[PDB]
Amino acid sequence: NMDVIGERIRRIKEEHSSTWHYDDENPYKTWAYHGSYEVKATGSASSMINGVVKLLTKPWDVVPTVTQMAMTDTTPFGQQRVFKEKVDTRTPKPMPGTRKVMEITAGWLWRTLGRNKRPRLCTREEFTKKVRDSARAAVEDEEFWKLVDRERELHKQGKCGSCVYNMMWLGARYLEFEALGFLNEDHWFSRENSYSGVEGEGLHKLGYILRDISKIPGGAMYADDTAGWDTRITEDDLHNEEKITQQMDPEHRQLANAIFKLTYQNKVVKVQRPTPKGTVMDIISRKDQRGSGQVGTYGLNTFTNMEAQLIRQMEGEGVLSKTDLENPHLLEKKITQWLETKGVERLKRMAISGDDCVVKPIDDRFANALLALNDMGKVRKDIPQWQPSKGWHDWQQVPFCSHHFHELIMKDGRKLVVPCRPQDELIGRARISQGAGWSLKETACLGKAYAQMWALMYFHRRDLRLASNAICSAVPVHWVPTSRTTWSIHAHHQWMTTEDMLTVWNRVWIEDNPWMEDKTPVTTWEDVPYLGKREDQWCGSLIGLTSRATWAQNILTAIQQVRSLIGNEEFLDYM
């Protein structure tokens, strides 16, 4: 406890020895409270609207899903209400039999994941290349690595001085990246290496993967959401995730054990809180849960979700009974036999990206196999704890990574599998600019990035292809898209290029598409298919409405208004 986190609290206390106090009425119930100090508020209750795509998407000014997405709250008040919901809770300790099967499955899973790859340290040169107090992009060119070296020497002694978490210091995240970044950089959770994973595959491939899973004989496809996954990571999960250190070299194992013991299994967090005296940052700590702003959070969530779904498949097939989960002397024989004879096959029945999961069990007993899932702490969201799960018998209805996927028939007979989501979520996100003082050019370039992402991923939506062509017609051709649209893991960002969208389309969907055997290229957007009109409307299309027809037939007027305000540059007509 204080032996691991004491030095961190001391340095925070001495750096703010002025304005240091113990608020006797702190609102923390499951976190250990230490102290507080005052700082200026950070964040905002609303976000800036991207005027370029807003002016080109007038019918969606009157849409509630779009209007809501401009009111996110990152203020210290918003910081505190999200803390009450699920962060300030305790997850009950799993039963002794459940803890054994988790430990057996975790070790078997780590051996399988490391059958070809060996763990390795990540480097300052890697961290510096990936970025392309607190820190920005003046810091890697600064010799701030002397700070990193001094903290690493503390980690080599099993101590920690300045690795805290903010609901970050770049030095602590490098040290974490140095010891655990190999999971992401070496793609341990690619589908080839992990069977269930989808890391590096990309949003344009997830639908094909779900379609391949549907070919496996079995029951329905299940995709249960977990209520607050990061808050349900137990001390047993962290101990099971730590077993990867057994495959490391001694110098790597030492730095990773330091990350696990001093940064994951013990954590110091500074959180902002409103008070009748201003804005106050509090210093709390706990021994479980997972920090969301961490490298390897995705990989360790993926690993633990893989293990948990494997265990639920065990219970569905009758390998695990209630008596087994209660038994502190549970035998390993039938658990080990099942994993070594069926484990890889059962892993192939799943698509798992962090807490998002899709599994196709061998039959539908899985739907009512809930003893281990609930006892492990991964309680499903918005459903009675023991009510059976509802699965889908059509992979196209299965939700995964905030998407569903449609199989489309091109006019030449070839088949595409495209990602899709309710259209208001796509338009509402595109109308949101990130930050404060950005010029019209940077605002238009971000809108161009969303337009080209729609041309690559959501071309099959009539409203989006029209809006994408209007945005690209209103933004100068030579302007390069800035920032990122998705901020997500599955985004390969093939739309950031200024290559012809139809050329990039042919590369993504034909040339590089492993599920497309006919490499015959598409020569015109007219040969790029849409969703069925019924499906398009089911997923939020405004086609058929007169406000959409008026907007479509008068779209060049809105494009010219944006061009008039942008200035005298080179434009192209894409309509």
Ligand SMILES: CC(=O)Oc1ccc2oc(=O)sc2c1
Contents of the next structure:
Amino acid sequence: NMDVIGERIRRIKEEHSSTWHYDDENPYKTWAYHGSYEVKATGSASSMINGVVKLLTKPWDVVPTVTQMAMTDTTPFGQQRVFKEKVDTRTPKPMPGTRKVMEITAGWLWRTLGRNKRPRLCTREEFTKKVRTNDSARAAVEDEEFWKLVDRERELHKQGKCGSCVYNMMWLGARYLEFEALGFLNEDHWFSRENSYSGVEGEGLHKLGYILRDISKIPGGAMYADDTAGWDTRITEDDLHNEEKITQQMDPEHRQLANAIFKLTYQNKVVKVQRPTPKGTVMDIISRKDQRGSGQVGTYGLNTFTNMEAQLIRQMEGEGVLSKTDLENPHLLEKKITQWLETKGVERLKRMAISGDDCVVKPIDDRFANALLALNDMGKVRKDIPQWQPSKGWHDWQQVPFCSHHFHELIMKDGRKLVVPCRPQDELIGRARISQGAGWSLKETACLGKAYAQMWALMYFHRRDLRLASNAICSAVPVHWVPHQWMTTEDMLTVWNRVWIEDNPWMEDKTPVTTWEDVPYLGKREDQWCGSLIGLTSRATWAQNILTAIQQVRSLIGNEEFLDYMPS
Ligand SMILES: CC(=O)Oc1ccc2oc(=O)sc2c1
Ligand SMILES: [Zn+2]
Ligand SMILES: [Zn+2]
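Return one more block: the form solved in complex with the ligand, after the form deposited without the ligand shown previously.
Following is the full complex, with the preceding chain placed first.
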């Protein structure tokens, strides 16, 4: 406990020797509380509306989901409330047999993931380049020799000590050191689909639907997509020990630094959290030994790894490999587990799409639906369902939720088929109406709106309202103002052809599309089912007079150069 985190706590208290105290009105139940000092609030109850896209989406002024997205509470008041929900709980220890199959599966999964690639340290030059292309963390620290502070803390890590690696709910220094030891998982694409079979790292939203359709071709039962209640809070001490096994593939200098990250920063953590008190705002210093910190490099990759392991074990239980007697058995035999992993594991990974805590799996049959002993005992309890009620799956991949989307198959006029991402339209419009940052000119606000308009033309062109609104936004913003593929000056029909035709591996016929008229929409019934306002008179009035709203935005912007992108 204190031998690992003590030095960090001593430096925090010494820096704030004035106003340091032990408040017993602290609410912490499952975290170790250490002390508090005096800062005052950072955050807001709601953020600003993007006025450009708001002026151009008037019928959605009267939509409750759009209004709610007036940002969440980042104030210390709102910060303490998120803490009560799930962060301040304890996950029960898994049973001894459960712990063993997790260890066996983790060993096999890391060896499979490391079959072609080798771990490596990441570099100051990589970290610096990443920042520039996107005790405070800015683009201003990497040009200053603050790398000597990084250098001094690394020497502590090499001795098994930690001095200043703390996260809140040098800071950039702690995150560089984590990137240095574990950044290879992301930078060398360990969870790409080719390397991990279940992963989708770097695939991109326009590919996820095609992947789901490919999974549907595998013989088996329904497709299951269970959400876990607060996944990051359900990462156990056993989970962290299993994730640590990647260090066995490292060179000793690398192993030493990654072992320091795992033991001192993941399996012992020191956290700052703001709290309101009748005297004001207060920064509390807390610590615990399990759960995952969301503000960390490698959070995504390690969550993907542990979810891959968890879903494999659930497939195991569905197929009869694991029983309740096995999960309780402290002397469980490895044989049947290893044999299943070596004969079936890769085939079973291919039945899954897994992005962090988000998973889709198509097991060999539907026994999986009621295979819940290991899933619950591992702590990955499903959200908003009785603990032992069978999972409900889908027999249409187009109904499966993944990455906050579902995916529609679209027949183009020329007969070729697209697979497009989609979500309830109010979520897309509600997000595009939110800017963040207080001191943002009309120009920066117009550029962000243009950025949303280009994403809509590239990803959501098939929704009638969004293509209209996207065209209206781009007509209202100067053509020469410029805001992953939707941040450029290229003609959006050109970018569309590159993404959906040219570089699309599921499009055999590379024949380019020459007009937006050849770019299809969802069927009208599906468009309305997914939130379209087409068919309402307030939408027809908006569409009919949209040039008026465009010209009003142009009048206020000034005498810049505008192009008309023809919105009705
Ligand atoms: C064929 C065509 O002109 O389509 C578009 C649509 C939106 C848009 O926003 C830009 O910056 S360029 C651009 C082109
Ligand atoms: Zn440290
Ligand atoms: Zn849809």
